[PDB]
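The structure is given below, and queries will be raised subsequently.
We show some of the complex, not the whole, and keep each chain where it was.
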Amino acid sequence: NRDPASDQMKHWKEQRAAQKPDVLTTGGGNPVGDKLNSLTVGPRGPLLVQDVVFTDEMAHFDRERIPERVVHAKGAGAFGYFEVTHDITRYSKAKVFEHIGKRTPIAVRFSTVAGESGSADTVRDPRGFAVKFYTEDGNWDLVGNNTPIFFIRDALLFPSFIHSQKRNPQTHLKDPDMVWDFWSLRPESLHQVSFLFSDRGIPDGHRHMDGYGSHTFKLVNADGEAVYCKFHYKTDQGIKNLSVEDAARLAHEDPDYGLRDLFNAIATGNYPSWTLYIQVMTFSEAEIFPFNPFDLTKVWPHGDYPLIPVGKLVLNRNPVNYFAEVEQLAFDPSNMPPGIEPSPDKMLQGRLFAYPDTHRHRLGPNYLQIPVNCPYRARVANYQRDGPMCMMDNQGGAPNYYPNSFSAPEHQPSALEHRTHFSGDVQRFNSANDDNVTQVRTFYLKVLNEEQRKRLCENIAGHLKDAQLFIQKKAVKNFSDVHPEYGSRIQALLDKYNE
Amino acid sequence: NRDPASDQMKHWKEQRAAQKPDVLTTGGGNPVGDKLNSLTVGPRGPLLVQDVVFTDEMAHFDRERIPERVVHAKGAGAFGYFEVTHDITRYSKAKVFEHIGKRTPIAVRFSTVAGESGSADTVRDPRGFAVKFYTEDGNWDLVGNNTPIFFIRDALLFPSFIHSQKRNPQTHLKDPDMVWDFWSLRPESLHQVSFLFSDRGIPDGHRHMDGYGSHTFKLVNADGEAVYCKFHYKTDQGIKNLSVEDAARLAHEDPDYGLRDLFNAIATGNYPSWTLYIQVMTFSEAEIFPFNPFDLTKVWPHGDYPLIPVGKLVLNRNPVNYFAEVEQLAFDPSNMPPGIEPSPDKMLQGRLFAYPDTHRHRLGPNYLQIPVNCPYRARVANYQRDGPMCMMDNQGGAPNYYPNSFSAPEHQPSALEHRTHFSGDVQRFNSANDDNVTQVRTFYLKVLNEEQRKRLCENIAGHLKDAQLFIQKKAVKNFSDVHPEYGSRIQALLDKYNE
Amino acid sequence: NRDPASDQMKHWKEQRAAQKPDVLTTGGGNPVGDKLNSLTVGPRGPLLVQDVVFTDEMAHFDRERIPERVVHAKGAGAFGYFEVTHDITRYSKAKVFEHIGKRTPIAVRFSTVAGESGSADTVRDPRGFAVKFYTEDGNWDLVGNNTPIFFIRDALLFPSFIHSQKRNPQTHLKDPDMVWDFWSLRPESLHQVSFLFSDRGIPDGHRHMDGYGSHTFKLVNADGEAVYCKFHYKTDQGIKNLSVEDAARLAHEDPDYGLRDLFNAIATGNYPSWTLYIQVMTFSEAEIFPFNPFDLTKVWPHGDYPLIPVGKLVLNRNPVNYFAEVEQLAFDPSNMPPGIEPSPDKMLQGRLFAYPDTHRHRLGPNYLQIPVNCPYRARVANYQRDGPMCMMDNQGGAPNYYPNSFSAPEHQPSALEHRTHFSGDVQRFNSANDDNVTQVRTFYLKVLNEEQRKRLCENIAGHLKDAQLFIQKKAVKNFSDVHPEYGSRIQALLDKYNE
């Protein structure tokens, strides 16, 4: 036989062999006499408006598409559960962590970053690894990537960074001058550029890469004590990457390699899992951390901040309809239940605004009423009403203003955010020169071996060669500031390429 | 005590008196600690982006409004049932008429025409009387008015007519020159203008007016024989109208008089009902009818085409949430189950397009998935997929192309439309001169008495007086063509006014 | 003759008498042969889809409506200029104030608050008085009201307040229980409630009321020195109000009284004007102001903070198309040029978010490209691209990422915000008990005389009478806390009303 993905229709038919086919209806539920021949005046005559079967079906077809995600457009999804394996209730009172063996349903979407909906899975790019936990205190969206860090440390640069990675506004072509002009002018990118052009730039599908929250978050316990944390979810399938050569072959041979691989793994009962850990940094430690502990271009060294196990993420269920359950999935970093809070990370702060904002546009004002986005293990009760495509009962006749004397929903003071002190001017403070090289040097020298340093420099030179010489020169200077051999290896490869 | 409408919240609280208030949440289901004070840095400090309670609630508030209906914006709704009382199965095989005693859930919306969402109920205007039948063969929308006729008999004049009835595009004021310029240039309007300015121009709320399909429709029986029909649903509460003086007082005293009256009637168990009748005209009779039987400016005389009783419409349930159940209600004349079809009425033919079209704009592509619009007593099964705000399962993994060898839904040949012959050139046939006066003379002389003729002429003159003299002159000439006394009575009143 | 508003079409025709009528076209510019008769198969046959004249026109008709404003839906607009008369360059470096005699084009929209698009102009409610200044440093939107204060002092209460003032979510009726339950539970409302139920609750059209910024704002001069300020624009036509009785008569006689009065004033050359003043409070004075100087329920007494004259607002031009130039007008309090900045006022801080947010929904992502919203006296140049209904050239082939080495637009350090210092915990500071009565007592005792105190209490009692006794009791107690006679006068009137 073929793979289970190929046999989707075959299996759908088999599952139904015991049933008569449904009656074909209009959207309004009126049975259709003939959906293959249009209503005309004679066999060689024009089409009538009173063919409302045609108009009903064609008008829906005309409206099938919604905007793709502004980033991470190309993706795959599955469903399963999170199970607590260890007690971290001393750090977080979040209900999702409440007792060992406690299970919370999850939804997950894996993605590339720059490519549009029709692009190939097996390309050099970060990977999105977004986890929605359907908790009794509402949804917790851990909107992670397959890297602990990012290219920039201020949200104001994010639209510019994404523009530089996508298409030239005139030609609609990928543009290496855009890519390398931005990175060469913004050397904070050196850390994530080094990770991206390493072997992990192209994981072997979604099951063989790690996930990370990337940002510093804040955990609050039942006593109102707070620590800073990082989330790490390590693949139980083990790290595995595709060679540049294999990735380029799969790019045209199977552009949907990651989709197919994840579906087949789950369909054959080979359920992928990840182990969720935290690192914990005290408020005192944050004060003496040698960098900004909220800088998204920095990791917390495992030596000083060991991984503490929490639980297991398991994907054991495929989507039944990809559009309804995956394309319409919305992850909001601002969805955090009590016990989990943001840090001052300037990037995370921007994300608190951007996700719900783009969801209201891409899906619609009432996107949280789409079933996969619904906090279906919490009771939603508030003073919000109306908006387009308003489903369920819109909270019925319940008093719609707060406060009221009519016993409508009440706030719960135990859910109040933890209180941190700040002092300072309202100002745009510069983060451009917050050490761009130190952790990058340790990655290059200590984390990588000789063989992977060589590939790293070939991968960089193989892309950078197409940028103008002034951009090549400025980029090489930044790599030299990490380590003189980093820069000179790339320069040697550029000299060979520039003939 | 006050009326039941006034005691809505009082009763909501009483119905719950044994229960504590629910927990106030974000749209994401996260409990909120304090929904009355914003998150700031210090008590006189700036508002933080990390106040996602504020942004979640304010962003939904910012999105509450949808476009109002392009016409019939101001309305009231209720629900109940249709019950078959007589057997008309010899005319129509429609399952809604299948056996005496058969009950089908209905939704009804009543409305004015020209006024926007904040306008007054008790003004001179036609009234919408739209009935949605949720049948096993899907929804049947009988999109009726409180008049058997309309001002025009071609859909191409509809936008112009509504423009003329609306606001001046520069001043945003009601414009008597626009109203009377259009009516004076389009004398087919004389019949409905006569009805509009009669006593029934301002019914005493919604319970005291008749409903009509207005259009000729087609009924098809189990043998594939067809007749033409009209739908009449006469108020069991009796015709009652408001005087111009009472209407003007209620306009400012209670702009929502019709809303309040319908809600209080149902809340006190005084359920309003209507008796549904048809008139039947054979294809042969349509050939010799002395007018175009599909001309919306013409009635079928009761003498020649007697009312045949069918059943009862009863409204026994108030909306629980007006936005979700009434503002979002969508009636499509194109929603007709087998046994009911359109006639060639040029106006009805235009309506087959316009309603689903405006609904996809006003509500969204997936507006048939809004609960009140959903054909919840039929099984929707087809090859339509996706679109924004896709709810349900989007028909799961079902094969999405027709035809297919995988047992997805099949067309049902018994639902094929009745097949009519027409012969003629495809062209734009002029209908402007299809007798604009004969049935209007009968209305003026036989349907009205002396007292009603006097008020009719005072009502017309009272509005027409504000139009330019050239428009007055040519409106009066049209009334003179109906009957010399019709014109001269109006001219006498205009002379007094133009004093 | 009639008023100039009535003669809109008459004047349009006369102005063109020297010209031939334009050729009637489809939206695509195709000339139309007959736009009065639909394309059918025979004179009594069905409508063809190849009637693309019908579909083109009907589809546009079906999409005419956009969401009305969530508040201030009912309005009137006009255009003119702002002229500097006095030098305030020692307080603000804003180019709009740069030299005496300097003129800046303005757009203004006047509005009620609670009523929808079809509601009456002459009702008790605050009035919007929004001014757009098209400056060389971009648009400055001074989104003011006819009151220096508001009902609440934290934006989290705004959606609840507006809900309380609009329709019951079940009945769709105005609901005195909702209005007075909210106000009685939120006594910070006493100051603006007292103003609202005074004579100024119903101004005689838009030309006879004052405008105010309401909020404290910040002014910054060329030396980087800052002061706090209030904006006052006082009617040069003088304060004039409508009696409750006259307002109720105009409500049904001319629901568009304000629209008509403004249009006719400008059309006859009777151009209304306002004098713009500031009050100035130093950072030192802000420290010792006996209340929160950023509390929207408080005024700055004229005795301590005198009005300083700035210039004149003149409206000398009527809209030509109301939908394009008034309905689509978008005012954003966040539109402030260099020299004008927000204060920490919690209400103003919320408004910085809400207006552009609601505009992106009501109008569309590219609403700043609508001509009346366009900053047409500034050069818009940035790294923003695309979005629906993208006009002009979308900034052509300009580099779309910042920073860049390709000479695309550059930030300008002179435009950097003034540096204010804040210190404190991040928390939800309760402002509910920030003195609700002291300035209200001064209003009741000093600003009103005996005759005005009597009407005030009759106006309040006449509405509050319809609320439940427990709500009446709680509301009266709040009025008693202002002054024992305030409460007892209202209670005496309620006793008479409650029979």
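Observations on the structure shown:
Note that the chains take the letters A, B and C in the order they are written out, and that residue 1 is the start of every chain.
One rule holds in what follows: a residue touches a chain if its C-beta (ideal position, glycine included) is under 8 Å from a C-beta of that chain, and two chains touch if they have at least 3 such contacts.
Shown are 3 identical chains; the number of copies across the whole complex in this structure file is 4.
Quick note on the criterion: only the chains that are shown with their structure count from here on.
Chains compared, subunit A against subunit C: the Cα-based superposition rotates one onto the other by 180 degrees, nearest 5. With centres defined as mean CA coordinates, subunit B is found 46 Å away from subunit A.
Per-chain Cα centroids separate subunit A from subunit C by 40 Å. Distance between chain centres (mean CA atoms), subunit B to subunit C: 34 Å. Counting only residues that touch two or more partner chains, subunit C has 41, 45-48, 157, 159, 169-170, 178, 181, 357, 361, 422-428.
Contacts from subunit C toward subunit B in the complex involve residues 2, 5-6, 8-10, 12, 33-48, 53-55, 57-70, 73-74, 76, 115-120, 154-159, 162, 167-178, 181, 248-249, 251-252, 255-256, 259-260, 263, 292, 294, 318-323, 326, 344, 346, 349-350, 352-354, 357-358, 361-362, 422-432, 466, 468. Residues 41, 45-51, 157, 159-161, 163-164, 169-170, 178, 181-182, 185-186, 357, 360-361, 365, 383-385, 394-406, 416-417, 419-428, 470-471, 474 of subunit C touch subunit A in their complex. By the touch rule above, subunit A contacts subunit B in their complex via residues 8-10, 12-13, 16-17, 19, 21-36, 39, 41, 46, 49-50, 52, 55-57, 59-61, 63-66, 135, 137-139, 320-321, 323-324, 327-328, 332, 334-338, 342, 349-350, 352-353, 356-357, 360, 363-371, 375, 377-399, 402-404, 406-417, 422, 426.
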